[PDB]
Amino acid sequence: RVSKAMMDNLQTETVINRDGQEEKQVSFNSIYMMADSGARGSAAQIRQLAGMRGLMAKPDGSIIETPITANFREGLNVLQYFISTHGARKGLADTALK
Amino acid sequence: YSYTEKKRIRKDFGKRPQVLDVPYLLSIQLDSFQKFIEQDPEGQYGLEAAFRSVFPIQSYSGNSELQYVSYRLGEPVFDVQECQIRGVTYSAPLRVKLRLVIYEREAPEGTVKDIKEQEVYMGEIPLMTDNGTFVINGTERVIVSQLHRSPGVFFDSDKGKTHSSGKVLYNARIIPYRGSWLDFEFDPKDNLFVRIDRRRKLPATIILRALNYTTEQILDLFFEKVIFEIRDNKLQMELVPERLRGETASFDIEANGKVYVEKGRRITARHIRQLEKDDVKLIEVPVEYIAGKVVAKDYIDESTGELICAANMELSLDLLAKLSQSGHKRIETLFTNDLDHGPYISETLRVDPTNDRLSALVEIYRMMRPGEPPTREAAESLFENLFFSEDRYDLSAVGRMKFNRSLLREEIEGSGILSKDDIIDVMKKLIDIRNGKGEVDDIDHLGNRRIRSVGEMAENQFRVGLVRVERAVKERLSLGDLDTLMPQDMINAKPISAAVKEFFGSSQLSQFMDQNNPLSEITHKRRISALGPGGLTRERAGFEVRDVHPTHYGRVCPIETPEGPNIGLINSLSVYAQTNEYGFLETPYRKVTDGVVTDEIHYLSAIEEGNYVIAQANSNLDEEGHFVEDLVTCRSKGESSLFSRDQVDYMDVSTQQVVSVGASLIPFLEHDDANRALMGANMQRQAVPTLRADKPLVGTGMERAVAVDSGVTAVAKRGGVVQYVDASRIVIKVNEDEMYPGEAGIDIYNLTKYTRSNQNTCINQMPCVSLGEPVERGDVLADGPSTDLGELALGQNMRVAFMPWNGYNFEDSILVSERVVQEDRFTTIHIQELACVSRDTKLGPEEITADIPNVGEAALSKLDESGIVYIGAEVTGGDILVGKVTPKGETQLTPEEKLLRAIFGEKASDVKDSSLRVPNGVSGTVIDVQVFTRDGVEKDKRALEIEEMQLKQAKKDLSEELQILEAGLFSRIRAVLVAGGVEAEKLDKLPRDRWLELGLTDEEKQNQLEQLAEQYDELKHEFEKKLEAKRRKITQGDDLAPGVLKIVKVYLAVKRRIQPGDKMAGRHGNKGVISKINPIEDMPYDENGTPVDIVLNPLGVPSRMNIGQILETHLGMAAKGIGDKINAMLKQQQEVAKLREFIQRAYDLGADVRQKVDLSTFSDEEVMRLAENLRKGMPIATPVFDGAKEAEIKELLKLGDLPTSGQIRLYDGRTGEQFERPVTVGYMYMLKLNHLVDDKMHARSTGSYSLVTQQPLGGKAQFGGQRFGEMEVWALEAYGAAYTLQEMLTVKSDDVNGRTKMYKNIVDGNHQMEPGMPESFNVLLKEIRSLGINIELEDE
Amino acid sequence: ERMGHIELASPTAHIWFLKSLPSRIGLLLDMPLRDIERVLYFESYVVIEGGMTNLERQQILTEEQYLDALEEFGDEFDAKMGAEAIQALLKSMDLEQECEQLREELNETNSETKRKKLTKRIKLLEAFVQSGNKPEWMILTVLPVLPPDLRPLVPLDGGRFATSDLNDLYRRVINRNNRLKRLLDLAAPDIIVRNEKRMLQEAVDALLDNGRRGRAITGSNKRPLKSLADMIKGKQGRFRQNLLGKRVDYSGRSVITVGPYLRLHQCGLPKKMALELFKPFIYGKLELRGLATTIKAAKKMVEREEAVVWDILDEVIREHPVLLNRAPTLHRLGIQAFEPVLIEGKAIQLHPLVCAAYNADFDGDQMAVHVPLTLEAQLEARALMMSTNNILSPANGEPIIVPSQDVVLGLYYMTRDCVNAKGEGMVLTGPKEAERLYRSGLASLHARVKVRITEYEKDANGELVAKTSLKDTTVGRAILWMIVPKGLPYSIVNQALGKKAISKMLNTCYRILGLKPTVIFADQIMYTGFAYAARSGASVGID
Amino acid sequence: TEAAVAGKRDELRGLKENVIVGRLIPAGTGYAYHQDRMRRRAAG
RNA sequence: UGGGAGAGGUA
Ligand SMILES: [Mg+2]
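Chains as they are written, first to last, in the authors' numbering: chain A, 692 to 789; chain B, 3 to 1342; chain C, 100 to 642; chain D, 1333 to 1376.
Think of the hints as simulated: they come from the structure by calculation, not from any bench. Possibly wrong hints are sitting among the right ones.
In the DSS-like style, the derived pairs of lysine-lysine whose C-alpha atoms are separated by at most 25 Å in a straight line are [claimed, not checked]:
1) B:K236 x B:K299
2) C:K398 x B:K914
3) B:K8 x B:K503
4) B:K1262 x C:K215
5) C:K321 x B:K503
6) B:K1303 x C:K531
7) C:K398 x C:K334
8) C:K321 x B:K496
9) B:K909 x B:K954
10) B:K909 x B:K844
11) B:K639 x A:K781
12) C:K370 x B:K1262
13) D:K1348 x C:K215
Facing chain C, from chain B, some residues (calculated, C-beta under 7 Å) [to be verified]:
14) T356
15) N357
16) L360
17) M805
18) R1211
19) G1218
20) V1225
21) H1237
22) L1238
23) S1250
24) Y1251
25) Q1256
26) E1316
27) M1319
In this text, a Cβ means the ideal position worked out from N, Cα and C, and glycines have one as well.
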């Protein structure tokens, strides 16, 4: 729900227009522009920047119950960053193995 | 604030009041090596521990022994910088007093026979420098701490290795500190096994039979007994009621007259409560229940005398009948369930084929040493000396503590070897683990891993050398002479010195120090490498040890590790993490008391952290009151959850304790992704120090701690007033209260100027303090290589725009303006040492002279008459540095040739020239020439000039020392003269040097005057013999390698400007490579006119998720806005009061900031000096995880009269037009990494070739060719370029005839191909034929 | 090229044809490998032939049983111990007789394990008879010696020598063989001569394969020595390190940067690095043009770096393609040939389009430059491996020379449209007037405007018919219509162009026009993408 | 070991084989030379 | 000059 509300408020925020009426169009925001172009990144990366970080997993495979609620704009606290280091080091270790 | 803190105050945006100062960051290596050196005779540490664990040693008979008395470390011959120049180990000689006591065999105890003691010089252990480094063979090394598994006992289980069954196989293991291992385990058939030293398996009761146990004592130790009683042809069962839990009644358990259980019914918990409240004991039982149970003890008949039924046999109806007619009226029986009491020892006893103790020892012998014929005494000695010997098995502090904690004992000390009770308790705990009571241990828990630091590893290697020497001394004492044999003729100093030099020079952990900047030095000393001798590898390391365990919170950084194949093996130590007495890792914590967060601090290990509940550092406080919210966030038992504000028992000491040093120098760490923060913290250790270091505008406040405690600057030991500031030395006069009356009170801080480092960068110490300035204790006087006024300054902060620019910043690339190259911002110094050795050949010595044949003025225009390049002569590639020529004829002569030499003369005999030339591409001015020679070889004019300059400098230094010493003694004679009498004017109406002939009538103060005159004469005497010793040391030659006359060392100082190709990086993992230097007229300028210095790429923000670079950009824009306002106020020279008002307005801006600076204390000169230091920008301290917010950033931007969105309207400098969108402009702190394109670029046409395969060599240093690997051969096969593949495997490679004809054909214009068979295939044919297998090329 | 030979006193067994399972000696003699190892270790006697019925063939006796049989018979049976006994056993056996007996034995009953063991032995025996080898040849009597420039003796810089490990292993074999000859001449006791025969067997087996038989013989620095089997076999063996992938002359290496001013088939080599690469070619042109008499004069004229040398290098490097390799070369587009253009610097300026094929970003990468020498090799690099030829990926038939992230951002910002931006609702005479309007500044890139578009459709044959009408477009799409070649429809351009859309544009242009319009379309679309992404100013911020 | 016992031989028909030996591979440009060599061996 | 180990780093 948070990712859908974030994608709605980023895709169609440009509404201040003229010459017919107050009209609506796709937004000229640069983060949405470099996401919708297929240039660098995807909707998962935009969700981690603006919406919610999501549910991060333990190295034992099981998903932790409480998720990382803060994004990379409001800034994580200490315990959420220490939880995120699990998946970051796991992905970096997995990449070398493959 | 200090007086060097009031020069420039970094504004701190933090909100947490820090209660604990950041400790000394090099405390682990200093404390461990100080415990290794220093004499601790009770709590034995290091050398005293090794001496008392080896000595004393008797002979094989026992009539001769060496008693250890004491030891003392000698003084080092050379100092630290002298050892680094001369290229020798900085070590102190070890002298030990060892007493020889002879025992008499004629007397029963003939102790008083001969007492002989002396100082046996053995071993030269190296010493640590004051900043944590060793100097081994000239170079500078750092011995990395090791995270190995602690000694003790570790229960574990493979989670379903048997893919057919799926069962869990629990296994024990007893890991000692030194000795053979021991492993108990289960099989799929549920029998207990033993693998001593990871050998073949045995049944686990065979080691119990080796411990002198029968079946009786084994069953009585492990299992508990149920009793069966035979009375009047019925079976009476003794029954305690707590045994029918979870089992099914096989028969009707009844009473005397009461019915409890029925047939086919579970004896439930209500029936258990019924049994224990009626309290019946004797329960009858029919005969079919005995069939299935086993018997505890043996039963021999009193009449016959033979064993009716022995121990651990299957009881049945016929054996029950035999026992009842024999007359053993009490039957003892094991207890066996399927839930809580499993029959494991009984099944293992039925499998076990041994009989008794000697057969058990023979089978243990046949396992350990197979193929040997066993006997009784060898088996007894083997099983004793594997485990129960004080010399071949040892845990002795940490293994015994972990043993008694994992087995729930009480004493944290005891014996250092195993025991019968110890092995029995390990087997009992493993059986309880298999049953279900208890839980197995994890291996990556930091209560099981332990830091084995430098002093501990050096003590172990010293003990290995001591074991070799004590073996040799035992061999000498058991046979040789006893009376006239001094101990220093026996004890050889070779094995101890060889072992300790091998560890300190060529181990896997004593590695070359990466010291290209102070951050890399401090993060190489705070490093915990899990590899090494007795650790993991890169093959035996899966994702269990590499990944982050939740007990690393505070002890080990999760975001500082190499991103290659060492991704979890090389872990960096955190900031606040100390080290326990046993070696474990512990962190500070704020102990709370009834909700009040008390300032007292407890150090908690990794086992004690999992007990309590610990609050997160980001909880708010009511000015030393209680918590604010009711549901505070906390962590407990390794997981994070929520708790009430009264249940919490501990709080984190600071928000910086989770990270390392290099990961806490990054601003806005919480907004970055963890991968990019990892790469940024790894690249900050490779920043080359530039020409003029400049502070970061957006820092953390950790930079001051790193710059002080890195051991690279010159902090003031005692505060005072500086008396003489030079570019080479600082002379400071101490304050009066911090001065003892013994010394003069003048400190001379010499500064090392342009000393080569390990990574070929420069080390110079520019002073920052001015002449006549009061500095206190602990202020940075001389900025190091990359420091600015005591703050760490690894790079330069320049104006950065975030926009795509015409393709020149495509994928991470960086476009740099011409201002960065014109102002010489990123141009560093690369001092490179070239060395020319002069050998001693078999035809004559190699002379260094300017009489070089077959060379001209174009190469000898820079050499002098001695054959050595002038200091300051800019040389290029190919120019001769040191003129050296080897003789090709002969030099030695006979007296026949002596008389004929007087007749005729000499010859040339100097044909072969091997002069030292500059390698190609290297340039730069010579800055130092150091000519070491050997004692015996006569020097030359250049060598005498070097010794003359060194003698004059040393004479001036010691004359300054003599001057301050006579000044101190004159102050002392003035003090005792005023203490004796009242004499003020007559002392200074006469010159200060003529203060000795003054006197009065003879008294006790006259006697003090004469002995002070005697001290005056001996000060001059020790001065002149120190002068003689310094003169003798610089006159004599160094003892060089055998066959080496003299060694010349030339230092070239290249200056490396940036160019297209040079790597650059920020702090947030946004590395790049300079693709173009774009002119200042083409760079985009804003409305004011200032051109952008670096145009970045904005597409690295979403795909990498590093928002810290954009926040640092905005905060740097605000910082330089305030700095330009102060610079405009200083350029217009408005008012000191207006400057003070604006500076206080900019400092008192945050919402709830920690620091508070008031300028009412500040005078006029301090405010003017602060504005002068803030005219280049106002520095900002943004702490990790508690830094500045967007509200404070926008408030700072609205103060500095800037656009609050952070983006300005950049005009295109190339075409004049305006960009259609606002572009983010702001100052980013850019580094310059050590990957230079001058060192990366390489090419080869045709050079040297290998000798075995005759294909070209590999490497830029030896002019190598690029490898055309297996992947590229497949790519050419995929293309179908068969001709390109043939000419890249034959004529550009190992085929001499084909490549020579190819070279001649390319020179002669005709590009034709003359192929042939390569020579690696012929190497392959000859190697298979040398294996003995006929392989031939069958023609047609 | 010349080998020697060591004349071994006792003939020892080859460790390959004894320990590499299946053992081939246990599979030929039909004896267990443990019993054969007991015979070779001189622990137990074996009997070769016996006339009595008590002792048969291959009955492994102990020492006590042999001492019983020696005083019992002593004349009829002959039992030897060691590798010479196995040599005599392989000599006395008969290959065709055992093959015929096992062929009869296979026919009565067929248990699974017995039939598999019998057919393994029959295949082994039939391999010996059809190859013509003899079973006595597995026992090494004469050991050959590698040539002394293939086991070389290389020095160090301080006078001390650093030999190969093969010289150490050959010294061990020669010393123990000479000691065995001395012990056989000195009439040594049986225990001493048996231990020496066992030592020679251990030394020969260590030289053939160190880590195979037992404990590996370590050298002086506590590391196991490299034998012949360790020279050939492994990751650092002769095959995978020198035979498949060799080191290669005329080769360079440097960091790579971005050159967006290039074409699709060009790369920027530095001046000094290409002078070092093309040095014998410069020698040939110097001696051809008469500016150097001899090869030494030409060598020194290149080494002095004269202006005539730079002009000759500019003439030589013209139209002479070099291969840009980057490791790891996963797929076949990791090697491409480019016509080099000499630049001043130290970094190889690639084209931005080929860095999707190379999987290379400019964060410190490094690429190898190999130079084809012969005319056939230059024609492979010009017809097969030129960077304008391999546009489509060989994995799936889609173009890999594709705009990536910066051209894509620029083209998306071009062909997107706002609602009332600047100068909406005009009528234009065409694409040139639309470009004139934008660069004059009277209309933005996002004005919804009516332009006249003259698109060329394709006929049944190769002719091009045209149509001309008014289309409701933007100004950015009417700027790209100057770039899009003749042959494509307007529905190619008339949407917002993401990365998939530009991939479909290049695929459609390929399948319609060929290769040369596709190459010039990729270069022109990259130029306009870079230019309008620069004119955009698409910045990231915290708002 | 298997090749030495069975007495095998190599006919030199693989791309990896002609990389090791040092000839033109039968893949692309070398295919014409290899089929010419094959028909020369067949017709003689 | 060439060879072999050990440590670190870059893609
Ligand atoms: Mg890269």
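Run the distance test for B:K236 versus B:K299: straight-line Cα separation, threshold 25 Å.
holds, 21 Å
Take a quick look at whether C:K321 and B:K496 sit within 25 Å of each other, Cα to Cα.
Given that 25 Å is the threshold and the Cα spacing comes to 19 Å, the pair holds.
Next item in the hint list is B:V1225. Is there a CB on chain C closer than 7 Å to its CB?
holds, 4 Å
Let me know if the C-beta of B:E1316 comes in closer than 7 Å to any C-beta of chain C, holds or violated.
violated, 10 Å
Pairwise hint evaluation, B:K954 against B:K909, where the allowed Cα distance is 25 Å at most:
violated, 41 Å
For the pair we were handed, D:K1348 and C:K215, check the Cα-Cα distance against 25 Å.
violated, 34 Å
Any CB of chain C closer than 7 Å to the CB of B:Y1251?
Hint on B:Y1251: violated, closest Cβ of chain C at ~9 Å, above 7 Å.
Chain C contact restraint for B:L1238 - C-beta distance below 7 Å
Violated, because the Cβ-Cβ distance from B:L1238 to chain C comes to roughly 9 Å (cut-off 7 Å).
Holds or violated: C:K398 and C:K334, Cα atoms, limit 25 Å.
violated, 40 Å
Status of the hint placing B:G1218 at chain C (closest C-beta pair under 7 Å)
Check failed: Cβ of B:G1218 comes no nearer than 11 Å to chain C, outside 7 Å.
Given the proposed pairing of B:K8 with B:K503, does the C-alpha separation stay at or below 25 Å?
Cα-Cα ~48 Å, so violated.
Does B:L360 pass the interface hint, meaning its C-beta sits closer than 7 Å to a C-beta of chain C?
Violated: closest Cβ of chain C sits about 25 Å from B:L360, beyond 7 Å.
Checked against the numbered hints given earlier, this structure breaks hints 3, 4, 6, 7, 9, 13, 14, 15, 16, 18, 19, 22, 23, 24, 25, 26 and 27; the rest are met.
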